[PDB]
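A short write-up of the structure that comes next.
We show some of the complex, not the whole, and keep each chain where it was.
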Amino acid sequence: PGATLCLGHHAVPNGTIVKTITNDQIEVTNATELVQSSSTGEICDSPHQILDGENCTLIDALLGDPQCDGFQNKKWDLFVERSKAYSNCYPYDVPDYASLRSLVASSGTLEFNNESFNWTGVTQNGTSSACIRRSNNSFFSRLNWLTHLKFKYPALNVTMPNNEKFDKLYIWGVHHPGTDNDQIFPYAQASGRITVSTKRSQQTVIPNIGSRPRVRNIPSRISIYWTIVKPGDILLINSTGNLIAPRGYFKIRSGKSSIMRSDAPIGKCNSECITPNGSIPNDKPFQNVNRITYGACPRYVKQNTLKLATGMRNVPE
Amino acid sequence: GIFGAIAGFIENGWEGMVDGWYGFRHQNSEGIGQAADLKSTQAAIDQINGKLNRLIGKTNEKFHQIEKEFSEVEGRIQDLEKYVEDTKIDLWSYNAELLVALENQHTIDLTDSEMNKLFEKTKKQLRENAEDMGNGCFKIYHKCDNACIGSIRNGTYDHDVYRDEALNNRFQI
């Protein structure tokens, strides 16, 4: 009689469909998902240092809007700005807002050193009813609103050398008065000019008197500018009026820091990859949750699923 | 597909083989049996784990990047930002699609190859004592009990022992 010997391979009742070079649908015994498509909905507070901005933008914390006093000198790997955030101080704008936000976010610190500028012949610490701190008229904590002393505002010519190892970042401003009275009361004269210079830079700014639509009852505006001063170099502030002066400088670092707009809650959990929708696992090489990512993350792709076969072709009985 | 065994000369897989990917079924005097081959099974599995090692848990750290949504109409610089991100995403989306298509075609082919190698290896081992029926089964032309079958599976089968018996049976009239 003899014998029969059959060579063969396994199969499964429940196959999965994958794509190939020659066929968009072929059934294999097993496959695994290469596109991550879900989050828990939380931003994990580990292992990256997360700073929840809450009611504050990065810029409001920078300037020192009173509701952001808690942020002073904080660091972050990732700063999270909330859409409910709002300003509650003197109305202001920033030419190149986006660049200032970006370079501060990237630096990853709000570390501030105070400096003693020689402001002889003016009155310091000007305040407003638009910027309430601890139930009292106040101003931005990092800024110094200079007004007249005995109805005179003489020409300012103040200097500050950078003898440090690092770049200093100086934040400063110009008061654009709403009316004639908003120029006369603080500076008791017609016009200001501000020239902030270094060995390698100069910015000059004219106040423009004129009514703007009221924001927190105020038709004036502050315009915010910035200046970086290298080691060896010197800051020079030249002003005949309308200067919103710095009280010192911010350290500017390089590192891995950034900022992300997100309304997702912060959770007590550990995940390497953050998106605005929440953290995501990073086992898979691709993800379709968000093009915006921070950390060790899968790369963003348009596809919502990509199956990699991990078994032979399924050919059931 | 490209070797012709799986979904080719082997008519279908075996659902009742749950301890390996490839193996042996036999009929002899002592009954009808099934045993998985571990080496062919592990060879396919090691290659697939090979691909997985290159794809799973291999991600890239990125930190500060550009902005990718906007609340303001700004024109030229915003067009460039959007265009760069859109360009990037299409190129990676393309890489991901191609990657999976090629890997899947290769996985199907290498699994078919292992089947074929097992079959060929067994054929050579049997020498003149058996014939290929064309459906992945051999007709063995000698008495072949469970020890004898076991010996073909373990690679210890000595064809000389049975050759006389087998040629007599094969070249009968």
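Order of writing sets the labels: A and B. Residues in every chain begin at 1.
The rule we apply is simple: contacts are C-beta pairs under 8 Å (C-beta built on N, C-alpha and C of every residue); 3 or more make two chains touch, one makes a residue touch a chain.
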- Message: Given that a single representative per chain kind is drawn, write out the copy numbers for the whole assembly using the chain labels.
- Response: A x3, B x3
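The rule is short, and it goes like this: only the chains that are shown with their structure count from here on.
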- Cα centroid separation between chain A and chain B, in whole Å? 52
- Task: Could you please specify the touching residues of chain A with respect to chain B in the complex?
- Result: 1-13, 18-22, 26, 28-29, 32, 34-35, 98, 102, 105-106, 256-258, 261, 272-273, 282-286, 291-303, 306-317
- In the complex, chain B residues that touch chain A: 1, 5-7, 10-15, 17-18, 20-29, 44, 48, 51-52, 55-65, 67-69, 85, 89-90, 92-93, 96-97, 100-105, 107-108, 111-112, 115, 118-119, 122, 130, 135-144, 148-149, 152, 169
